[PDB]
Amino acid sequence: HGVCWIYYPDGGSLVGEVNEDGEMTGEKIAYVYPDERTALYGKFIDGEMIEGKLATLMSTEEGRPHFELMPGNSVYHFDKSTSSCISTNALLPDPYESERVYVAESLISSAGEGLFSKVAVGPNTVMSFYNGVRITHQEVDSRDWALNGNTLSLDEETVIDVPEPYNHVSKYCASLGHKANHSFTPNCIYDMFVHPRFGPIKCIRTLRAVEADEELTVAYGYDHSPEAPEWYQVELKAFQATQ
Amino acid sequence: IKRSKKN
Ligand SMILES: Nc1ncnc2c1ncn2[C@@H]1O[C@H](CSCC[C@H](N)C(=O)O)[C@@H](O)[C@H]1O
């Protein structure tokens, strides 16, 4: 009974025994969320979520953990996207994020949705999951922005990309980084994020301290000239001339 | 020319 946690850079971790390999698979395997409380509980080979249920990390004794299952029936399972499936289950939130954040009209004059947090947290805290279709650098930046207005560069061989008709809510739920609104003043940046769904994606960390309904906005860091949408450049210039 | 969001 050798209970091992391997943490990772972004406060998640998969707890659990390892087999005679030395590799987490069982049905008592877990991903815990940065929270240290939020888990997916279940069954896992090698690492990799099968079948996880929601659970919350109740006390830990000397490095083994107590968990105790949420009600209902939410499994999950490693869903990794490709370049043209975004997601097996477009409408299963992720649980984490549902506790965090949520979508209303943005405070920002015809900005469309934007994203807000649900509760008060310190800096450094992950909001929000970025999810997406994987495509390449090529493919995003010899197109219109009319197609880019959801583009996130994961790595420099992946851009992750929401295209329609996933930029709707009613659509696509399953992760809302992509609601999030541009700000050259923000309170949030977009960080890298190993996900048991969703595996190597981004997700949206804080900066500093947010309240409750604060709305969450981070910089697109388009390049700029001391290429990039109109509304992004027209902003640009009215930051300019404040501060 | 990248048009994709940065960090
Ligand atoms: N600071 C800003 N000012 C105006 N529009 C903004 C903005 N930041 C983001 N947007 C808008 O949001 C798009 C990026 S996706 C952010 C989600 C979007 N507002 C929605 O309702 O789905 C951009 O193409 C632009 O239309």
Contents of the next structure:
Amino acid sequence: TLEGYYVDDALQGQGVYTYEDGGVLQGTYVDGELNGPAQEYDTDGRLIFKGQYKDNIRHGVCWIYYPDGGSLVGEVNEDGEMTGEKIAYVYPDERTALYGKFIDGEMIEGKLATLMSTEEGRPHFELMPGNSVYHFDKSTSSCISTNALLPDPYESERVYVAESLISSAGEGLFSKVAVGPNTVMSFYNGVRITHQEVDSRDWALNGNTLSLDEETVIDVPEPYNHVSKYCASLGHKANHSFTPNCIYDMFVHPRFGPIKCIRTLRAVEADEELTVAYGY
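What's the form deposited without its partner chain like, now that we've got the form solved in complex with its partner chain?
Shown next is a single chain and nothing more.
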């Protein structure tokens, strides 16, 4: 088959679609509509969906994987949307998860949990003990967080703040455990401000600004650069080096929203200081 895109077989059964852009989609078909097991991949070989369809709407328990390694899994609603009471955002280690109430893939109330096993397609989670509820809480131009002192579950296991070993750098960010290359370790969340705002005020104030996109800049200003005032995320604590063990990369966070992460470039040691090359 060929439309300027591409499709594979006669009536129905199990076929593959490919878009004007390289990305595949493996579906099982029934009368030309999708019904059954599907898996879609990225223009780059990356699994971005696994799960199933019924009358061309996503059905059942489906996995959506972001490029950063994080994922969303749950039984979808009648419209195929990630809305329900038993949905989870799962972190890049594929084990820590925030389970619970989500609207449209957005988190209303997520409880710390662990994904013990995918038995079939379905996954089994188990709640972790503790009072901790997490909520979608994107920061604004003036509110860095609705709960500045609730740490991020994933971060508090892989990293910590302490005196820098670098010459005169105040504090730094340390790895807590040994990790191999390409590992997310910490989140860089702050108030969202505009490039012009950052370009026009005294520059002596952009020590913690980090550009998100062509329109937005994340900053960790005011007194939130002190951990007794803010510790939700710890990214703004990594110091600079010309030969870093880490890189800034994009991240889709369930509490923070579109932000950056600190990801490792090589294996790193427990207790090793984490660095990135500032300014890209």
